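Enquirer: So you can see what is in the structure, the chains are spelled out below.
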Amino acid sequence: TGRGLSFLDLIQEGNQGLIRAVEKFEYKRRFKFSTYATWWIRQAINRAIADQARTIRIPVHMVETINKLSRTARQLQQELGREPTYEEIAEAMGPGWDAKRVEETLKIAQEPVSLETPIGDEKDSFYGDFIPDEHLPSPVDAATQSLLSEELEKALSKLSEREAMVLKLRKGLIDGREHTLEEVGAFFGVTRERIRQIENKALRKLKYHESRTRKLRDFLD
Amino acid sequence: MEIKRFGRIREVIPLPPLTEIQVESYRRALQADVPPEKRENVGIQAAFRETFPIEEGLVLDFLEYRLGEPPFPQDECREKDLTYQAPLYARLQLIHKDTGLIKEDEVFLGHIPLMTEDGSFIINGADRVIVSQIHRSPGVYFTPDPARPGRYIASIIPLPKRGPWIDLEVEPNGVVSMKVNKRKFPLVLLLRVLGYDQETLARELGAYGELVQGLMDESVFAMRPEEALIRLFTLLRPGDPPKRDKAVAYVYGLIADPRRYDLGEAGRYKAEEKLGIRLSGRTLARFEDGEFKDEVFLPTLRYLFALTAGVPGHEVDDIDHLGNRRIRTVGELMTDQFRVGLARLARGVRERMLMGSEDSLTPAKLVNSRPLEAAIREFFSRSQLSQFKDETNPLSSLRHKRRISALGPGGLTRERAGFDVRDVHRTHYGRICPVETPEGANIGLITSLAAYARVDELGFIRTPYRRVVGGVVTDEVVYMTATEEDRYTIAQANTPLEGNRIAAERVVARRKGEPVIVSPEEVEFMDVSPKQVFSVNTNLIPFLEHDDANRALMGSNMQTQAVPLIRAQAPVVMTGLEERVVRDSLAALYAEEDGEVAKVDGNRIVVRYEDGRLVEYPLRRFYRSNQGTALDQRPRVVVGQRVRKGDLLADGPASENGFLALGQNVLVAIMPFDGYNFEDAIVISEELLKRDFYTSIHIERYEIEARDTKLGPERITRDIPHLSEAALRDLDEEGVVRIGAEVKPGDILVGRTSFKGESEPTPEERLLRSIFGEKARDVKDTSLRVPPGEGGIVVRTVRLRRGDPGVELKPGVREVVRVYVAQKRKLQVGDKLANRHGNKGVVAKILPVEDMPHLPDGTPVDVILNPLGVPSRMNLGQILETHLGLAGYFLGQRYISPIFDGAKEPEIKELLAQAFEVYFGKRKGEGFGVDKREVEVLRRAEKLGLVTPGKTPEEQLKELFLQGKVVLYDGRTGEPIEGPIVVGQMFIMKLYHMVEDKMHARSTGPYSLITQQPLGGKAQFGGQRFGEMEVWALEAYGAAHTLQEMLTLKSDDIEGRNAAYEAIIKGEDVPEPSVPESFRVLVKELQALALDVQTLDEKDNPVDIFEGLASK
Amino acid sequence: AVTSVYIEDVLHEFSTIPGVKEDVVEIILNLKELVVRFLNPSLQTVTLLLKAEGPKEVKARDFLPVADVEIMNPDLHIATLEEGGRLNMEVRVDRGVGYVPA
Amino acid sequence: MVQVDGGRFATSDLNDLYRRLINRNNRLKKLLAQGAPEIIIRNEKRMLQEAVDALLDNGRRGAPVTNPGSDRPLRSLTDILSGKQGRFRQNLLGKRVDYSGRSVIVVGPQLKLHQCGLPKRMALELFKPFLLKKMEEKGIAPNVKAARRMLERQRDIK
Amino acid sequence: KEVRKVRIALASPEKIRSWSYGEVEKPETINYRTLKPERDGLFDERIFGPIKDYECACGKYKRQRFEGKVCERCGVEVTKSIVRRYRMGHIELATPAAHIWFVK
Amino acid sequence: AXXXXXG
Amino acid sequence: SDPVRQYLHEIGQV
DNA sequence: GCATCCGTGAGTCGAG
DNA sequence: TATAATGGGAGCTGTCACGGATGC
Ligand SMILES: CO[C@H]1/C=C/O[C@@]2(C)Oc3c(C)c(O)c4c(O)c(cc(O)c4c3[C@H]2O)NC(=O)/C(C)=C\C=C\[C@H](C)[C@H](O)[C@@H](C)[C@@H](O)[C@@H](C)[C@H](OC(C)=O)[C@@H]1C
Ligand SMILES: [Mg+2]
Ligand SMILES: [Zn+2]
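Protein sequence lines, in the order shown, are assigned to chains R, F, W, A, Z, D and E. Quick note on numbering: PDB author numbering labels position 26 of the first sequence as 228, and the sequence is numbered without any gaps. Using PDB author numbering, the letters of the second sequence correspond one by one to residues 1 to 56, 63 to 1118. Quick note on numbering: PDB author numbering labels position 99 of the third sequence as 150, and the sequence is numbered without any gaps. Quick note on numbering: PDB author numbering labels position 102 of the fourth sequence as 628, and the sequence is numbered without any gaps. Quick note on numbering: PDB author numbering labels position 92 of the fifth sequence as 94, and the sequence is numbered without any gaps. Quick note on numbering: PDB author numbering labels position 7 of the sixth sequence as 7, and the sequence is numbered without any gaps. Quick note on numbering: PDB author numbering labels position 9 of the seventh sequence as 86, and the sequence is numbered without any gaps.
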């Protein structure tokens, strides 16, 4: 009990172990059933505890390493009368273990925390209430992206429709993806050198217009 | 200046050390200075004694323990965010019964936090105070049955979580029932289990009204103790097989087990005194010679039937009586958790004894310290009784340590709390303050220890009383419990005395709290002082007798909220308690012995004593308190100065020359002013900001971590993408802002760059990138910046780094940088001021000096209070304080007027007369007669019946000045205020509610994860909450579109809010809002509940609000 | 009135100088009350220099004299300096009207 | 399941409840596949029902399911909907809203009945989009973004 | 259309299976190393949706030009990641279980 | 702590 | 009521 | 018909 | 994979104010 699994869960996993024991048992050895059963029961329970109790699942060997690290650290703290540093644990774990390895192991062993954990005396505060959502774009960012699209359409209309469309196909404003010189050249019916040339002059005219009005400078962050 | 004291009351004994509750409790618990063999059985010693020995066969036994020395000093602990604590070592011996093998070893049990000198703790770097808890004392009580008037309920209560309550009741059917774990069963059965036979109960209980026949059952005595025991076990444990030894074990665990069921020593004594018996152990029964023996139940049943019969000398109990309510102090709570942890340790020890190598085992291999450590740590970090220290001023801490809470573990829950619990009991007298408590939900649940009150070893609050023998009042003092107080006749402290003899024929006294007028022959005891009736905060209110109890409460509470000012002064009218409060809070620095002062520095004071030794005292300077107020000490002495024992050396925070300074003494005029003081608002003079009255330093801490990521490391650097030299101006080489630079909102305190999340550039970004021909950098600017509304000067920077000596952080963290910013806050409109009498208000106007109402000699007033605040509130203390303050203004002297013994009217009038001489006679000598305006005002006052007609102008001006009123000229006009106005010095404090902290506004900002709604709080730059009631408001106004905006456009309608913002910045009206995201979340949650939520049209044909994204 | 203060080895107002009893907050508080008379009508600003050390009580007199500038209150206390206590100041006094906060 | 500022993960209790459910279920499927006795399958089924119960309404029947090393009940769907902190009362009939603020009140005597004193900074932040727009309407800024970046710092205010 | 009504009723197991974009066969949440959803787990992108807008799990199709296209290799549709708010999963019980609400 | 704001 | 007690009873049968 | 048991309610913003 | 080992622990206590369901 207390190792991260419910009493009944432990019981059921131990039952699975018992079943394994029954199917693998040989009475010819003149051993009582308890002796051979206990091994498989303990094995199944331990496997369950290792494969379950973590919200983010960790491989069983890794869990073994982590628990070994914990026993080591606890021994060291019992001998030293203080919490061991990373270096002391590293030295105590033998060769292959430096401070960085101990730290990375501990870090990788960090369990998640509940979003419903209260921050206060009353029922009012939840931890998750303080967590900003970074995913959905802010109204400001959205409006700035919109004004960007509009200003780019402003500067692309100052070109001829051909060069504007070549630039638009090359940077992928149309379908969202960038075509090569061969594809825009095959679509416009010219050579790749020619399509790259009109892309060059389009971009250059854009550079001139930008050096002139300076509308697109503020969007560069 | 001369401090003149009033009052005829002579205090026999001074106030006890105020923190003694905390310090003595904890000291008593630890016994760290007591050698192991000399330790009494108490506290952690008692915990060890309870837990050990452990059996099952191996045996692990306890010898002694020891507490070592702290690995780090207090200050260092505060800085490194550690816990101030001492190692706990325990000497144990493992013993094999058969083998006889004995192995002795000292095992390390982890750490126990140490209490600092001032009676606080340091937990994880933060100062925390453990608040003592009030509860129902263990024992035996008898209380009237609510249903059946003629009957009663007997209750047997042990210590909290020390085992179950037991209810003995006489049932309607006549049988006496016992309730345990919510199970009613006939008490007769248990009596048989104890070994009682019908004869014994017949002779013991026979004398009564034949209630005993209800205890008489033939089927019960027809079975021996074993059979009765198994019967009871079958009754209390359905489904559990009734094995003999299991039944004995369970019933023993419920009744006779000291390790499980424990009355307090208080419960022991109280049960003894109540039932008139003597207890051997602290349990209700025993297991002796294989059977069970009864200590308690029979005396209890006896007393019960004796109460039912009406037998004289038997009475019910008041559970609100302070003889029946006790206090669990720091030591008891900590010891309780220690005992729990130790129990867990024993469970683990046995579990480890069963398996494992049976030959080689040591106390080290058996014992795991983890449960004990986790227990103690749980107590200090997460317990509701472990509280973040109140550091606002020293009085805050001192009061915090003296707090008595009915809440917490085993304590009451509010919303469950009735009126009877919150009431002031008659026995509160001298013990718990009748005044100081909260106004809100916690009222009466949280209280304060009285000034002279003490807590005994049993945990009961005691108050001192002087012995009176034959009308002679001795100097012998006796501290009494409420139960002992009830036994005497106690005279009041203000009753007249000539020498040691009572000088009155009729003296006022108390009998069981009831007021009675008796003769001096009848007086057994007499009150030590009026001071003992109240708390420390309440005792700081002068002229308290003139204040209604409620406003007294308000002022009392409000003093705790006083902010330390750079110029802070002691009150002109004190209670005489102003010095002790500073001395006990350990704010001020004092002199240990007589001697000469060698050195005086701003950072230090070096002192040579008579011992010839040089003792150096360092000064705490501009440290940040828990509440952000600046706590700093300043030296009050000079080089070479001779100082006796106890002389002042350094002046603590909120302290002036050893006296408690919570604010300024300002010259106030009480008159309405142009509606600016309307409804408790206050008007102040700009001359207060000019001379820096009410100016306070505040320090705020900013913290940033650079860690290791799977996308690459974060780093503190001065190199920040897309930023100018203008923005990096105040940043040093490492990227940390320099000391002394002024920082404003938007500035960079600490530069930081984080590797960008994997980013697919949007086509517009790619095209723009091609246009300007600039590489998109791999890192982005995460730098810690000054929050909105914040800012000040940078007074400190702390940098910790992994790979640096003595430095190890939490896993994954490379480095931690802290920046301390101090700001000097003047007074400003919106700040809160208050006096000690419960008058509180916000400064609504700061007038230029020329607008301010002034005296004839050209002296303007600092503060204009509104008179309308006085009458409804009924606090007259401020008036008297003001009058005596005026006197003290012109005589250049302060006063001490103790509560209930103090300056009365006539003496104040004399002082005001002298003051008038100084204020006027000078003027006459200066060659200036009475002003025309003063004539007009004198005509007015003459009509008001204020002055006697016919007198000379000087005489009438003196008559007014004596009533505490003067002639006042309006600064805008020059014309006099038609009436005379009350003007005088008043002591006013600046409370910690400051507009600079509270003001916040937002257009758009962060949104929550699931709800997609604006975050709460100013710190999060979130929005205000528009709640059900605000919605009701808008509905009643019938503003539909406003409400719809609140519900949709302003919050949680994504497309709607984005569109709205874009529209507004474009200059377009806001679009029609759409479905709020939280309703979509509702729908999906309901689907997760296996309920189908369909939004239809009028055609009952489904409408899809998810726009197809949720449908295959 | 005095509009500015610089002390050597002092970064900000909140700091304490070794050998000096008064904290910088208090020193500036004392400097506020300094009365500086200008004899010249055309002189808009003056920087007073103070250099002091050793055991002594530094008063207003200790300011290095400037032409057409007179201190009207020479007895005004500034600091209390201990043995080895060293104070070096440059204060800026200006002509102005009314009350202008820092 | 979200990574907070410190690089640590924070998650909802519904994940633990769902995990309980899934684990007990799968174990039941394997116990059935292997033909375990009754008194085993029975126990498993019972625990499955109690798992589903804990998920939908927790602490409704019997003891509430708690996380390891805590006395705190886990938050189930029923808890998410109902209650003062519930979805309806907290997030539906009421909300935290934008373009809002708060501060201390002080009496203006001078105000006409229809007026209120509003602090400058408060108003600036409250009305901010409008201010950007009117800043682009005049020559104070070339465009919106410029105006916003201009208002961001306090020493850039004019 | 305009929404004039809101209906609530007991969902059939078939309807529940109709909502679901897949079954969660594993208790797993995310991987202890890659910090990405597991297969057939509570957070799996196969079922509930893509984490990045218009980008599949493996990263084979990164653009809006593919819309509704389910990657063959990673089995993840490319659409607006917002769908992760809208898409129900399901768990298929071995034994029927009584809805607590209707029982208690 | 509540009422009209003692604490 | 208590699932553990119930299972221990059922186990206590065989 | 009348005692008794089990579940569900018990103020608002603010900071935390 | 084999000495034999065969039924668990912690409860947790000063609210009413009840509503409708259930019980001699
Ligand atoms: C850890 O306890 C927390 C709640 C536990 O839950 C509860 C259920 O149990 C208690 C206990 C056992 C108490 O005695 C409380 C108490 O006396 C309060 C207010 C509470 O609500 C109390 C609470 C609970 O709400 N009134 C006061 O103290 C007043 C008369 C003076 C002091 C005021 C200052 C401002 C505080 O002292 C402050 C510096 C800080 O210490 C507390 C706010 C602390 O917050 C933290 C961070 O420590 C609270 C108490
Ligand atoms: Mg190594
Ligand atoms: Zn793919």
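No lab work stands behind these hints: they were computed from the structure. One or more hints might be untrue.
Unchecked claim - SDA-like, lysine to any residue: derived pairs with alpha carbons at most 20 Å apart:
id	chain 1	residue 1	chain 2	residue 2
1	F	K371	F	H102
2	F	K910	F	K371
3	R	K302	A	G532
4	F	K1072	R	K270
5	F	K188	F	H102
6	A	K555	A	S538
7	R	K270	F	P817
8	F	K930	F	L861
9	F	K1118	Z	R48
10	Z	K64	F	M677
11	F	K605	W	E108
12	F	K1118	Z	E69
13	F	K1072	A	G609
14	F	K1090	A	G612
Enquirer: Compare the structure with each hint and give your call.
Expert: A quick look at each hint next to the structure:
1. F/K371 - F/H102: holds (15 Å)
2. F/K910 - F/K371: Violated, at about 75 Å.
3. R/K302 - A/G532: Distance ~19 Å between R/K302 and A/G532 Cα, so the pair holds.
4. F/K1072 - R/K270: Between F/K1072 and R/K270 the Cα gap is close to 63 Å, so the pair fails against 20 Å, i.e. violated.
5. F/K188 - F/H102: Since the Cα atoms of F/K188 and F/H102 sit roughly 42 Å apart, the hinted pair is violated (cutoff 20 Å).
6. A/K555 - A/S538: violated (27 Å)
7. R/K270 - F/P817: holds (18 Å)
8. F/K930 - F/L861: holds (16 Å)
9. F/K1118 - Z/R48: OK: F/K1118 and Z/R48 at ~14 Å, within 20 Å.
10. Z/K64 - F/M677: Measuring from Cα to Cα gives roughly 75 Å; hence the hint is violated.
11. F/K605 - W/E108: Cα-Cα ~15 Å, so holds.
12. F/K1118 - Z/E69: Given that 20 Å is the threshold and the Cα spacing comes to 14 Å, the pair holds.
13. F/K1072 - A/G609: violated (42 Å)
14. F/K1090 - A/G612: Judged against 20 Å, a Cα distance of about 15 Å means the pair holds.
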